[PDB]
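In the block that follows, a single chain appears as C-alpha cells, in the form solved without the DNA.
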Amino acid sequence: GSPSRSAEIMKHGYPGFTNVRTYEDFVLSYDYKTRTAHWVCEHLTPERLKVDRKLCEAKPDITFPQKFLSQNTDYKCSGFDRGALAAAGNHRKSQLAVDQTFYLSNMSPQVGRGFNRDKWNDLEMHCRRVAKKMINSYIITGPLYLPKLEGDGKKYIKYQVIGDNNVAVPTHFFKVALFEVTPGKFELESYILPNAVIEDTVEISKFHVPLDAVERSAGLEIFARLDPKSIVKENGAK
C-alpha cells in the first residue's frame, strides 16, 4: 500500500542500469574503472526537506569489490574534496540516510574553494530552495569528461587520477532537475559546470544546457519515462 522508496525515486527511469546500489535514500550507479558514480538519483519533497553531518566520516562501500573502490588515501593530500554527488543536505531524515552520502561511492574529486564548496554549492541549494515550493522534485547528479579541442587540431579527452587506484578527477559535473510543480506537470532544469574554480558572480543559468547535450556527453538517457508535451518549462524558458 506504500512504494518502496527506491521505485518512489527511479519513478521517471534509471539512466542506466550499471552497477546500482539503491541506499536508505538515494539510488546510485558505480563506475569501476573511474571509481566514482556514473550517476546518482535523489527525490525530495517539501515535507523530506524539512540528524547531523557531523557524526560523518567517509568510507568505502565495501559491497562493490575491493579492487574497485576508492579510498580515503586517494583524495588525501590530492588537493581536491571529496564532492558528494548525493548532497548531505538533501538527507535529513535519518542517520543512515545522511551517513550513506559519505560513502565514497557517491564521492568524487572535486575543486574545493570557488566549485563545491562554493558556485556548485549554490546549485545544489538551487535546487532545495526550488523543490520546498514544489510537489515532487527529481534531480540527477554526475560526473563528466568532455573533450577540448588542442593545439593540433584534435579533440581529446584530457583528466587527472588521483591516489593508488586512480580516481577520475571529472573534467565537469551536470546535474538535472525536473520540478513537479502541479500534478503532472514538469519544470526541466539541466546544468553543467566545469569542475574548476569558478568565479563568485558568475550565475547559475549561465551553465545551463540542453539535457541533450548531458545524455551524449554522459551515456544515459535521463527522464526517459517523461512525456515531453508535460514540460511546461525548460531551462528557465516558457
Second form
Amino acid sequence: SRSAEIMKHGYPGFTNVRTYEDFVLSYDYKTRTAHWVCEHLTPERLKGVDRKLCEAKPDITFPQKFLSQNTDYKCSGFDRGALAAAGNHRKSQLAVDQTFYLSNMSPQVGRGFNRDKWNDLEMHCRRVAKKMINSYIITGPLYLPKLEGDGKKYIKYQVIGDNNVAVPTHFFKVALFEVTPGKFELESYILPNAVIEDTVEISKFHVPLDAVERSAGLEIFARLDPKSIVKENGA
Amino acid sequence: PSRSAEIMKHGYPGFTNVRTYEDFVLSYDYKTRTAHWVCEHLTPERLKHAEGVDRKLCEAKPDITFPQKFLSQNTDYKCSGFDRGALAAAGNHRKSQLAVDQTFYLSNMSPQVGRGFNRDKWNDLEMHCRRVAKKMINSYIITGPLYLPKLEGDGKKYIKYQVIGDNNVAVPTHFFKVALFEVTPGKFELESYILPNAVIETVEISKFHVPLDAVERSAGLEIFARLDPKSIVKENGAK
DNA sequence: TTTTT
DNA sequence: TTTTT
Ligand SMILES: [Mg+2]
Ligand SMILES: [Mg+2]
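What I would like now is the form deposited with the DNA bound, since the data block earlier showed the form solved without the DNA; can you produce it?
Below, the chain from earlier opens the complete complex, with every other chain and molecule after it.
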C-alpha cells in the first residue's frame, strides 16, 4: 500500500485521517485546517503534468459543516498555503490536484513567508531528498502561547471567513532523511506565520523534536527508535 | 463495556483519544490538555446512591494511559485562580467508588472560574440536568470546552485564551452542555447550552440556550448523530 | 514555484 | 454539590 509506505514510521495521530494518492492528511474540524500531513519522497518519485490546471476545492468527503471554503480565504490577506506541497507530487495529475484540497490548506502569510522563507524550507527538503534513500516529511500548523504584559500566557489567533478558519501562529516541519540504509538524519523546524527576512537561514528555526510534539500534541516518528538517528538538526 | 454501549447509544461526538471509564466516556485533546468531550447516561434507578461510596476521599490526578508529555498535572492548576472543573460531574455517578473516583481524573478537568460559575450557575445547570433526569426514562449528557471567536478592536476576529501551568493547560472561553432526555420511549427532548467561563450573575439557564448546530460548529463535533430528528419532540423548550 | 480580487 | 491549599 502507498499509504503504508508513507506512514511506515508512525501516525502522528488518528483524527479524521484521509489517505490521498501521494500523502496522508489529518483534518481538524475545529480549526478547519489539517492537524498534520505526512509525505514520503524518493529520488525516483521526484520526477507530463501541469499545476495551473489545478484549482483549490473543498474535500467534500468531510462533513460540510466542518469545511473551509474559498470564500473563507478571499480577501483575508492570507494565501491558501498548502502543507503538502504541490512540488512534491508530480508523478500524476491527480496526486498534484489533491494537494489543492482545502483540507491541505492553512491561511499563510504570503509575501515574506509562504512565497519566500517557508518556500525556501520546502525546496531545501526536496533537494536533500533527491540525494537520499527515503524521505519523510510531516508538516502542520501550530497555535503557540505568548507571555503578555500582565504576566499571563495566552494563545491568540485570528479566524477568518464565515466558517472561522484558523490562522496558525506558527508552522512546524519535521523531515526524516534515510542517509545510509537503516539510518537517519532528522530535521525539526518551527517557523512563525509572519514576514521573515530573507536574510535568516532556515537552520535558525531549528527546534528539538520534543518541542514540536508538545506544542502540536502529536507523536512524531513514534514507530522509530533513536539509535538509528545519526544527525539531529545538523549535529 | 456493555455499559459504554448504553452510554454511547446515540453516537460518538468524535473518536480522538477515547477512554472508556466505568460510568462515562471521554475524548482527550493533546493540545489543550483537557477534554474534547465527555458523554454520560443517567436513569432514575442510576441516581439512587449505593452504599459505602463516598466522594470525600477522592483526589484529582492524571490518567496515565495517555502519554506523559500530553498530561496535565495538579501543579498546572495550583494557584492559577481556576478550579479543576469536572466535566462529567461526580454527582452523576453514584453506583461505586471507582465510578466517582474516575471523575477526578485530570483528563476530565478544565480550568473553570469558581465563584460565579463552577460553584454557581454551572452547578445550577448540572443539578437541573439530574433533576430532569429523575423524571425521564433515559438521559444522555455531552459536555465539553469551547474556545470562541471575539471581534476585537481592529475588525478582525480572534480566538484568545489563557493557558496555565508549565504544561500550558487551556482555559476555555466557554463550555457547552447538550442533554437528550427520553420523555416517553423513542421520543426525546433536547436541550443545548453554551455558557461563558466567567462570572455569571438572576440569569436563567435558558438564556444560554443555543441551537445544537451552533455547538457542533464551534466544537467541531457530531453530537447525537444516531438520533433521528423525527424522534425529537422538543428543542430548547419548543414544539 | 508560491500564490493573489 | 462545587471547590481552594
Ligand atoms: Mg505553500
Ligand atoms: Mg464542577
